[PDB]
Amino acid sequence: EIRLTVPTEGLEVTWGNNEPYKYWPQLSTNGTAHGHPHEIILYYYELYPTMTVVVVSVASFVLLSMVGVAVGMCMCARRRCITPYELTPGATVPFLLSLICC
Amino acid sequence: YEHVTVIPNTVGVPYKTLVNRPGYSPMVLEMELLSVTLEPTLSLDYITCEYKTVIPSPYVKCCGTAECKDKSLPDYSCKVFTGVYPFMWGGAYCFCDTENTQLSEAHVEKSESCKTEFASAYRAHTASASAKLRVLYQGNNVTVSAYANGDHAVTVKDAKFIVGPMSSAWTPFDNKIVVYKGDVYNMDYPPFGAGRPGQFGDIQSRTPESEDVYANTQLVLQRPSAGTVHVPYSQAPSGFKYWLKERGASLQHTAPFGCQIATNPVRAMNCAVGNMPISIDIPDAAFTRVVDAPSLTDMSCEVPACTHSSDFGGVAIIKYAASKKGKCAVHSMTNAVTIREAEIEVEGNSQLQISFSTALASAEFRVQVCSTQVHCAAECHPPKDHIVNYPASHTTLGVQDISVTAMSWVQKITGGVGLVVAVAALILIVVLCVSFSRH
Ligand SMILES: *[C@@H]1O[C@H](CO[C@@H]2O[C@@H](C)[C@@H](O)[C@@H](O)[C@@H]2O)[C@@H](O[C@@H]2O[C@H](CO)[C@@H](O[C@@H]3O[C@H](CO)[C@@H](O)[C@H](O)[C@@H]3O)[C@H](O)[C@H]2NC(C)=O)[C@H](O)[C@H]1NC(C)=O
Ligand SMILES: *[C@@H]1O[C@H](CO)[C@@H](O[C@@H]2O[C@H](CO)[C@@H](O[C@H]3O[C@H](CO)[C@@H](O)[C@H](O)[C@@H]3O)[C@H](O)[C@H]2NC(C)=O)[C@H](O)[C@H]1NC(C)=O
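Here the protein sequences line up with chains A and B, keeping their order. In terms of my numbering, the first sequence opens at residue 1 and continues consecutively. In terms of my numbering, the second sequence opens at residue 1 and continues consecutively.
No wet-lab data here; the hints were simulated from the structure. Hints should not be assumed to be uniformly reliable.
[As the list claims (entries may be wrong)] Partial selection, computed: residues in chain A whose CB lies under 7 Å from chain B:
(1) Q26
(2) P37
(3) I40
[Stated by the list, open to error] Pairs of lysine-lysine residues, derived as DSS-like cross-links and limited to a Cα-Cα distance of at most 27 Å, are as follows:
(4) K71/B - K61/B
(5) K241/B - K115/B
(6) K115/B - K52/B
(7) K157/B - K325/B
(8) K22/A - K181/B
(9) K52/B - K71/B
(10) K22/A - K384/B
(11) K132/B - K160/B
(12) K22/A - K132/B
[Stated by the list, open to error] Derived, one-sided and incomplete: chain B residues facing chain A with beta-carbon distance under 7 Å:
(13) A361
(14) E379
(15) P383
(16) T405
(17) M407
(18) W409
(19) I427
Ideal placement from N, C-alpha and C gives every residue a C-beta, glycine not left out.
With the hints as extra help, turn the sequences into a complete structure.
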């Protein structure tokens with residue numbers, strides 16, 4: 001019993017003196033498009049196991065990075081709007097600033 | 001009207017091209033390559049075959065010393081052995097006991113079998129391309145055999161088809177080709193006159209009929225056993241016989257791109273490499289004015305089923321109102337979707353059925369029938385079968401070719417993060433503006 005892997009371009013198999021057999025893969029999946037997010041990833045993962053992982057890994061990395069940037073900008077804005085108050089000898093912080101930033 | 005299109009260099013897969021000549025009803029031509037052949041120019045360097053070692057009856061000089069002469073024979077050696085006392089069935093060969101010499105000589109020459117059993121060492125250069133093309137022209141199946149060098153026009157019902165040149169110069173054959181029978185090998189054979197014993201090329205000849213033979217067999221004459229007249233020798237066994245056992249797989253089985261290899265002449269067939277341009281010259285007589293042709297209006301497309309399988313698993317039903325009875329061309333407006341039918345028969349107020357193949361998870365495409373376009377859309381499902389015995393009738397997908405719901409999820413997630421960034425950016429800009437406003 002021999003298990004042969006079939007490339008997307010197809011596989012040719014010759015058995016003895018018989019004419020060669022040719023095989024091509026189908027785009028079969030257990031996941032599905034038009035389903036839940038995890039079913040969609042499974043669909044594309046099964047069809048394109050390396051392209052899908054690279055796209056998902058990179059997209060996830062970038063999206064998380066952009067969130068980190070949004071937070072970093074918020075913290076920068078926070079320090080800039082608060083500092084001028086903390087340096088005041090009789091500093092009093094407006095409620096909205098106290099609630100929103102502090 | 002000159003129409004220029006390009007089809008992938010594949011065999012057994014039909015491609016459809018639209019001939020669009022404004023003012024006239026559109027034509028769709030279905031072209032299928034049945035065979036593509038690359039025939040390399042060959043220059044014979046030499047041939048090899050099994051050699052035979054020729055050993056003339058030994059000369060036994062009794063009561064004296066023999067001497068030998070040099071000869072020009074392909075691989076010649078002579079040696080005189082002293083102290084020989086050979087016996088025949090009836091007793092000792094001659095009168096003297098120890099004062100005897102034997103002259104042994106031998107040479108290598110091509111065996112009689114070299115006329116049938118030989119390998120040819122060729123230098124391969126460029127290849128002439130030719131192909132057999134099936135064309136569906138105005139509903140008829142015409143098969144044309146033509147050269148694919150771009151220099152041959154073959155007529156199909158008064159239309160001229162020029163095929164090639166092929167976009168890829170790739171060939172399965174290397175510069176050095178060795179051919180035995182039906183088997184071709186990419187072997188780096190030694191230069192003529194540079195052969196080695198026990199290896200391919202140990203015996204070489206420029207042509208099958210040539211008497212000019214090069215040989216390097218390391219033929220060494222040995223001293224005969226006492227009391228005998230035989231001539232022993234040590235020689236490297238034919239490299240041809242060794243090669244035949246050690247040939248390994250031929251290009252027919254090892255070549256890239258599924259190339260089929262044949263000999264007499266040497267040919268590479270059906271290589272799935274690159275693509276092949278086709279130029280079609282269609283006479284004005286072959287065109288029907290749009291006013292004479294059937295015209296469709298009030299068209300609407302519905303797709304009751306879709307499977308993105310290699311075969312034509314998709315079906316679409318299109319409603320139409322035909323101005324008159326007649327045949328009508330059908331064309332896909334997207335490369336992602338292949339339609340099986342080139343033409344349909346339509347009349348009155350009815351619906352037409354077409355089959356299609358796509359790799360798309362979500363099939364979004366337009367179909368042009370008698371210059372009238374419709375928009376089709378479907379959710380396609382995967383096949384349960386994992387393997388088929390035929391190539392896909394559809395093209396591959398790009399990175400942008402994703403399902404509708406996948407695109408929606410991407411937009412929701414991308415927009416969600418983009419919104420958070422846009423808000424954070426706005427807050428920072430506002431704070432900085434306030435910081436700049438203050439002194
Ligand atoms: C133009 O030619 C195509 C392709 O067929 C070619 O011409 C034929 C006359 C033969 O010489 C073929 O060897 C050659 O490739 C025609 O399309 C083909 O039609 C045949 C039926 O005539 C289809 O075979 C059927 O397939 C089904 C499903 O497997 C079986 O159940 C049937 O029993 C039968 O075998 C064949 O699949 C089909 N091929 C394609 C790609 O569609 C085309 O009809 C013909 N047109 C005209 C006007 O002649
Ligand atoms: C979708 O899920 C299917 C199972 O729910 C799966 O089919 C099964 O796949 C396994 C390998 O992962 C096959 O091999 C197993 O079973 C055989 C006996 O049938 C054993 O000899 C093996 O050692 C192993 O345990 C199953 O045979 C196969 N069963 C069926 C009914 O197909 C599909 O492959 C999944 N599809 C995709 C695209 O992943």
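Hint check results:
1. Of the supplied interface hints, the one on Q26/A holds, with its beta-carbon coming within about 5 Å of a beta-carbon of chain B, less than 7 Å.
2. The interface hint given for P37/A holds, since its Cβ lies 6 Å from the closest Cβ of chain B, which is under the 7 Å cut-off.
3. Annotation: interface hint on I40/A holds; nearest CB of chain B at approximately 5 Å, less than 7 Å.
4. Proximity of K71/B to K61/B is assessed by CA-CA distance (about 20 Å); at most 27 Å being required, the pair is judged to hold.
5. Our distance criterion of 27 Å between C-alpha atoms is met by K241/B and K115/B, whose separation comes to about 15 Å.
6. For the given pair, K115/B sits about 13 Å from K52/B by alpha-carbon distance, which is consistent with the 27 Å threshold.
7. Between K157/B and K325/B the alpha-carbon distance is near 24 Å, which keeps this suggested pair within the 27 Å criterion.
8. Pair hint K22/A plus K181/B holds up; C-alpha atoms about 25 Å apart against a cutoff of 27 Å.
9. With a C-alpha separation of about 17 Å, the suggested pairing of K52/B with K71/B holds against the 27 Å cut-off.
10. At most 27 Å may separate the alpha-carbon atoms for a hinted pair to count; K22/A and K384/B meet this at roughly 19 Å.
11. Among the hinted pairs, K132/B with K160/B is consistent with the structure: their alpha-carbon atoms are about 15 Å apart, no more than 27 Å.
12. Under the criterion of a C-alpha separation no larger than 27 Å, the hint pairing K22/A with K132/B is consistent with the structure, at around 22 Å.
13. The criterion of a C-beta within 7 Å of any C-beta in chain A is met by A361/B, whose closest approach is roughly 4 Å, and the hint holds.
14. For the restraint placing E379/B at the interface with chain A, the shortest Cβ-Cβ distance is roughly 5 Å, inside the 7 Å limit, so the hint holds.
15. Below 7 Å, beta-carbon pairs count as interface contacts, and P383/B has one with chain A at about 5 Å; its hint therefore holds.
16. About 5 Å separates the beta-carbon of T405/B from the nearest beta-carbon of chain A, less than 7 Å, and the hint is met.
17. Because the beta carbon of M407/B sits about 10 Å from the nearest beta carbon in chain A, more than 7 Å, this interface hint is broken.
18. With its C-beta approaching chain A no nearer than about 6 Å, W409/B sits inside the 7 Å limit, and its interface hint holds.
19. Among the interface hints, the one on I427/B holds; its C-beta lies about 5 Å from the nearest C-beta in chain A, closer than the 7 Å criterion.
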